[PDB]
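Asks: Chain residues, written in single-letter form:
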Amino acid sequence: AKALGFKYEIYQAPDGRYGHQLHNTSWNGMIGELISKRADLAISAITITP
Amino acid sequence: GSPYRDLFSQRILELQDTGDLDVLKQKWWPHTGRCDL
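Sequences listed follow chains C and D, in order.
Numbering of the first sequence is given in PDB author numbering, commencing with residue 455 and proceeding in unit increments.
Numbering of the second sequence is given in PDB author numbering, commencing with residue 757 and proceeding in unit increments.
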């Protein structure tokens, strides 16, 4: 935001516990919020799986 | 304008989840001793 010149807003996760592949064929935590697609960005320690 | 790069990198971490990357190293360059390590 300081070297590109645009803006931001901040949510908080309702689970916040390294969100998981649920039994609902779904993701909780920070993960499914961007899969229900109801936030925009997530900046954390992300151990990427394929 | 190239959708396949995810489709590229899809296998890539999968290869990283194998280590077949290193298996593909071993053909053109094996990891063992040139004379004795």
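One should not assume that every hint holds.
[Stated by the list, open to error] A few chain D residues that face chain C, going by a derived Cβ cut-off under 7 Å, partial list only: (1) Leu-769; (2) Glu-770; (3) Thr-774.
[Claimed, not checked] Ranges of calculated distance between the beta carbons of each label pair, as one might list FRET restraints: (4) C:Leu-458 with D:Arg-767: 24 to 34 Å; (5) D:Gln-766 with C:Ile-464: 25 to 35 Å; (6) C:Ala-496 with D:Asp-792: 27 to 37 Å; (7) D:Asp-792 with C:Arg-471: 15 to 25 Å; (8) C:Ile-464 with D:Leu-793: 50 to 60 Å; (9) C:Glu-463 with D:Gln-782: 46 to 56 Å; (10) D:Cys-791 with C:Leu-488: 52 to 62 Å; (11) D:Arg-790 with C:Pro-468: 19 to 29 Å; (12) D:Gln-782 with C:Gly-470: 41 to 51 Å; (13) D:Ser-765 with C:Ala-455: 35 to 45 Å; (14) D:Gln-782 with C:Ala-493: 38 to 48 Å; (15) C:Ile-464 with D:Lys-781: 25 to 35 Å; (16) D:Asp-778 with C:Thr-479: 28 to 38 Å; (17) D:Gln-766 with C:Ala-493: 39 to 49 Å.
Source of the hints: derived by calculation from the structure; they are not laboratory data.
Just so you know, even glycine gets a beta-carbon here, dropped at the ideal spot from N, CA and C.
Asks: If a hint holds in the structure, say so; if it doesn't, say that too.
Replies: Results of checking the hints against the structure:
1. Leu-769: With Cβ-Cβ at 5 Å, under 7 Å, it holds.
2. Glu-770: holds (5 Å)
3. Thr-774: Because about 11 Å separates D:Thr-774 from the closest Cβ in chain C, which is outside the 7 Å limit, the hint is violated.
4. C:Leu-458 with D:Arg-767: 24 to 34 Å: The hinted range 24 to 34 Å holds for C:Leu-458 and D:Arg-767, with Cβ atoms some 32 Å apart.
5. D:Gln-766 with C:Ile-464: 25 to 35 Å: holds (31 Å)
6. C:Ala-496 with D:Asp-792: 27 to 37 Å: Once the Cβ atoms are compared, 50 Å apart, the range 27 to 37 Å for D:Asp-792 and C:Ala-496 is violated.
7. D:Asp-792 with C:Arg-471: 15 to 25 Å: The hint (15 to 25 Å, Cβ to Cβ) is violated, given that D:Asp-792 and C:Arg-471 are roughly 50 Å apart.
8. C:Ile-464 with D:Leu-793: 50 to 60 Å: holds (53 Å)
9. C:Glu-463 with D:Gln-782: 46 to 56 Å: The hint (46 to 56 Å, Cβ to Cβ) holds, given that C:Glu-463 and D:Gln-782 are roughly 50 Å apart.
10. D:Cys-791 with C:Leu-488: 52 to 62 Å: Roughly 53 Å apart at Cβ, these two residues keep to the hinted range, so it holds.
11. D:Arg-790 with C:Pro-468: 19 to 29 Å: Given a distance of about 57 Å, which is not inside 19 to 29 Å, the answer is violated.
12. D:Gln-782 with C:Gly-470: 41 to 51 Å: Holds, since D:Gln-782 and C:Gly-470 (Cβ atoms, about 43 Å apart) stay within the stated range.
13. D:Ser-765 with C:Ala-455: 35 to 45 Å: Roughly 27 Å apart at Cβ, these two residues miss the hinted range, so it is violated.
14. D:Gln-782 with C:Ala-493: 38 to 48 Å: With Cβ atoms ~44 Å apart, the hint holds.
15. C:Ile-464 with D:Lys-781: 25 to 35 Å: The hinted range 25 to 35 Å is violated for C:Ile-464 and D:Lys-781, with Cβ atoms some 44 Å apart.
16. D:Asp-778 with C:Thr-479: 28 to 38 Å: With a Cβ separation near 34 Å, D:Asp-778 and C:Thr-479 satisfy 28 to 38 Å, so the hint holds.
17. D:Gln-766 with C:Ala-493: 39 to 49 Å: 24 Å Cβ-Cβ, so the 39 to 49 Å window is violated.
Comparing the model with each numbered hint stated earlier shows that hints 3, 6, 7, 11, 13, 15 and 17 do not hold.
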